[PDB]
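Here we start with a single chain on its own, the form solved without this ligand, put down as structure tokens.
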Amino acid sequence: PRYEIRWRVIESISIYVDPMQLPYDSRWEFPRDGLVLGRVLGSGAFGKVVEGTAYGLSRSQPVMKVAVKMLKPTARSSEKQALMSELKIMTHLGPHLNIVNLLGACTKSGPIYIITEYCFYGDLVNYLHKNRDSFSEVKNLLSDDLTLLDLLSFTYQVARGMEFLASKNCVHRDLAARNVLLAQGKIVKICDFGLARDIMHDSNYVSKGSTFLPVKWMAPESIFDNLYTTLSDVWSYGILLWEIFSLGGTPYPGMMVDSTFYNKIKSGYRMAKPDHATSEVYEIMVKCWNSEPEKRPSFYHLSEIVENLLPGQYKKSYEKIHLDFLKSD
């Protein structure tokens, strides 16, 4: 077992892109001297993510806080290769406002560093736990100045980030609130934060076969048939929405994951409406949990549905932030 990003890019359908055969664009190379490493953000079985300060990484932000992914110093050569593969996948996908973007890398001599965007508020689970008891207000949704509109904002941005990944034929395969970070301005950023975890000793991951999988977040066809698609990501999106509107509850609370659980879900059991979900939001969840994958809504359609649940002025505010992101270099 080794660390590996869970994302997979579809090459063709009758086939996944082999990230080892992708090129590494040396334009991402950043001098190690320009990085000052700081405190740990998360530490897992194979490596860690740490805060850092990057000097001259951005012409517009010559001193910038970043996050840095790295392996333990004992990492085998096959483990380093997987970090290269993650680097190549991020280069291949390109940037979007609602993913944790690649900013640079140190690959030339010594340990491999992946330099990514830093997300001030951390992961969505901890953010919801911090602000659970608190549950120009509309204008302050997308700023640093909890309400139902905050939850709907998170819901919308994850759909836009996921719509982007799907447009690149990328399947996440571990979409969950622990893999959604919140950056400055309450901007949602989807990622794979697995480097910060030990899935062999994590109650969110369950021994199945020769590995540990996020079964409570997985569509039936992924559990039984090992089939992962953008439509199985949609199922996980519905489970993620349950996390959000339960303000950080664990899915299927009090239920143990075992053979009984798999067949129960397969037989049609679904989670009840979380306490702070509206009827419109719960109907979205129910649609995402269709047994037939092709009955599940696309992320493009999900973005359209959720946008219509938000104030009109929210959409303009989002596109101003999105415009700033596209113009910034």
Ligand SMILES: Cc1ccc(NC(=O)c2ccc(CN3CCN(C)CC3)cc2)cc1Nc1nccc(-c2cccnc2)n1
Second form
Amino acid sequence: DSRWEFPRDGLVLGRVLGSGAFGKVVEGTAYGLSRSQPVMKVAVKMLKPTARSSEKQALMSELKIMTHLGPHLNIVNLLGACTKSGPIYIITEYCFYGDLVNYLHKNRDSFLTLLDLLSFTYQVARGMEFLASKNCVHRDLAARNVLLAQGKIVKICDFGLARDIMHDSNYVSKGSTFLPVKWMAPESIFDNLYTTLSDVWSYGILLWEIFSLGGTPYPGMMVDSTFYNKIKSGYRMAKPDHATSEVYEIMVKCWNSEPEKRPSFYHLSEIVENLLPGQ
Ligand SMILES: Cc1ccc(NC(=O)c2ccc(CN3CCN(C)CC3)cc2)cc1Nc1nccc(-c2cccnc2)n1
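Please give the corresponding structure for the form solved in complex with this ligand, as opposed to the form solved without this ligand shown earlier.
In what comes next, the whole complex appears, and the chain from above leads the way.
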């Protein structure tokens, strides 16, 4: 679709927001991208000189997925792309608060309120519901892949090539790659099965991050055969400090050993809605 093409001369590139071995996301300003706001801040994803054909394909593939998914309030939204006479650029909206983990850390003292945490929980479920409805499996759902926009609107994202998986402790080496094992369903780690149901397990881990104000899952527990054995044995985390007992129950239901026993994202949205004063 060429409806998304944006002239390169209308895009000003700024500071780096995220970077990996082969890709990066940078801050930007787009002129004429919008009739309403002719001077608009944006985020731009692009390859680095170090990248090869395999990565170029991946970026193009990512853009296709993005063009194909429709827009949703809770997914970072595509605004345009630069695909001619140059390296590909994917342009999205800019999220004022940045990633959720850093935001939560910055706000421990203010704690931002518990209702805010519940809203985040509700919004993520709605975004995931949207992705699931499109038969799209995320595979890396975590607070580090949740952005927060103005008005405290969560925006689910996937850094992808823009994440240094090799130097990030959250990702563990496996079969010539690194995986966020502490966030993955057992059937994913051990049986290479990825489904909307395995995303639900990650969502549970995400809720633990939210209600620990950005703590590390399985704190002090390194990833090894013992950790793997504990997970397979049905071991689950304790309740984080700021979680209520209903929020903890939700996490536990997301961590069921049997994927079919996990609630749907649509169901999760309704259960969380029942915890909110607002109807
Ligand atoms: C600029 C850009 C380009 C592409 C994307 N793409 C995605 O966020 C994304 C989300 C979901 C999918 C779906 N996909 C399904 C298949 N599985 C395996 C992967 C996920 C794909 C891409 C985001 C962005 N935006 C982005 N990315 C990282 C950080 C920021 C950012 C950072 C700070 C402040 N404001 C914005 N902004």
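In this text, rigid core is short for the largest set of C-alphas that superpose within 1.5 Å between two forms. Numbering follows the first chain given and starts at 1.
With the two forms fitted on their core, the C-alpha shifts between these two forms stay under 2 Å for all of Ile89, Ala75, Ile187, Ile223 except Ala75.
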